[PDB]
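Below is a structure I'd like to ask you about.
For this depiction, one protein chain was excluded, whereas all remaining protein chains were kept in their positions.
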Amino acid sequence: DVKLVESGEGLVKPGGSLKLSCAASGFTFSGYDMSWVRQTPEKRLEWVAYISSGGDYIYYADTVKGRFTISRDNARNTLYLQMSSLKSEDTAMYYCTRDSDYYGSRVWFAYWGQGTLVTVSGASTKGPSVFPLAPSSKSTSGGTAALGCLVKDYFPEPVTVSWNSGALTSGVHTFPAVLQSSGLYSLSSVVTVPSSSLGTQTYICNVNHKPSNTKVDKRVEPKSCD
Amino acid sequence: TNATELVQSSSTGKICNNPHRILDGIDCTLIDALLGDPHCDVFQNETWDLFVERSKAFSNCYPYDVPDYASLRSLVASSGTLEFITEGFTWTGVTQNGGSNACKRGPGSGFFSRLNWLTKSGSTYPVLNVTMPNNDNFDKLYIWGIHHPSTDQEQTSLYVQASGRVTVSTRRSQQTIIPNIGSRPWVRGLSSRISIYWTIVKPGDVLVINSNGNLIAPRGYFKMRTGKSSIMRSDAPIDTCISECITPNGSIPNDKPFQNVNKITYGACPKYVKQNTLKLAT
Partner (left out) sequence: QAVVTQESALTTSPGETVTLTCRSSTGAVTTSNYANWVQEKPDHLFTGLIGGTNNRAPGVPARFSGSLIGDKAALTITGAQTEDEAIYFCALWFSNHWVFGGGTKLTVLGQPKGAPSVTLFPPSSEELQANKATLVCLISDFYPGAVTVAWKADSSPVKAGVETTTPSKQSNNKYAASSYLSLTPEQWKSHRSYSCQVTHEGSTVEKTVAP
């Protein structure tokens, strides 16, 4: 049961820079060999860097040479990639890969990380303004009610939303974002809950848009004004 | 009435080191311990009744591959010992003890403990007219290799010949392997590789090795015996206890005539069966 978990997604200006970490779990090393691979917004896959136990033998994406450095922390079991003098062409979601198994397998890139987004930006960032999506007054089919929050006018992706600190993990569905005409994204997430429990349990959007330091909880409730 | 169930559908979950000497090859294969990977040269001259391979086993010395691997690994598992006996070969003019940082042994460069990577000495690599006789009363297993370089320049830089060759002969055996030059993808760095072949010698017979390059020399031999030893792939923990047969799911009681947990067993065990339950009336 191998797992690779990434971190460090954030927005950067041109010529700017970012460092990324991927926390490796479930296996003896930080990685036997490990490598960084990014997929452009055009969903093309380019390999970036590679490591040994201590970085032996060519590991260079010639288009990133002199700009990136890949490191591994053998003690804390961590993999790092700090890229500097960033270009438009580096905007991607970088994936944490540990190359595949022994003589029998020797498949490259079997185990992957879920990826973290790197955006080489320009001219400003913006923080979202969350608005609550209140429940209906009339009960159609009785049963349950549906409510959510609108993650409007944020840039760039992603915003991570949960509900009541993971206290609500099922019936919750956070939908993808829309790139609006303004170059901004806007997203929403909705959960469906029984009709009785609308004033006895209170529902809060744990949305955060981490590319900037944004984290705004917001409660959803009927507003009692026809 | 009452009833006898006869299918052992339950295991202890742990491997019990009695009455069988159980050797846990913690971080390596049997081959790593056989080749002499530096992090498992702890298993030097070890003996066993059941070797246990764990799933997280791994190799850190020079990237290699073994043609007929399963035959080799279980050939050593059946004699049940890694008893290596250095034989002190003479390698005239070819610079023994080559190592690199993929196999970092101690402070820096190292290599397989039981393998001798030869290079050029000065700026030459002569053709080796070696010989070594097995005149004793037991069969010798010789583990030797070949280097597949990553470029034509690598072949020249270490084994000046444009094309190398290794020939490990006996009066009954002959094996001539040629290194195909190619830059493989990186495994623990290097794009070069090593392929492992073996040569058993029976009493009186002689082992000779002719080579114009790319030879990965042996240092000695493993004394081979015939016994009840074997090997097992398992992640079941080892405890000090008693059970006479062992499964990959941990030890079994030998109480019942049949067993359901696994087809793979060791020792006097019940016979594997597909059944999920069988009650005989008493």
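Residue numbering begins at 1 within each chain, and the chains themselves are lettered A and B in the order written.
In this text, a contact is a pair of C-beta atoms (placed from the backbone, for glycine too) under 8 Å apart; a residue touches a chain by one contact, two chains touch by 3 or more.
Shown as candidates are A:29, A:80 or A:131; the residue that touches the absent chain is A:131. Between the chain not shown and the residues A:68, A:111, A:154 or A:203, the one that touches is A:111. Summary of contacts with the chain left out: across B:67, B:133 or B:182, the touching residue is B:182. Residues of chain A in contact with the chain left out of this view: 43-47, 58, 93, 95, 97, 100-101, 104-112, 114-115, 131-134, 146, 148, 150, 152, 173, 175-181, 186-188, 190, 223, 225. Contact between chain B and the absent chain runs through residues 150, 182-185, 191.
Operating definition for what follows: only the chains that are shown with their structure count from here on.
Centre-to-centre, using mean CA coordinates, chain A is 44 Å away from chain B. Residues of chain A that touch chain B in their complex: 27-28, 32-33, 50, 52-59, 99, 102-103, 106, 108.
By the touch criterion stated above, chain B contacts chain A in their complex at residues 27, 56, 58-60, 64-66, 69, 101-102, 104, 185-191.
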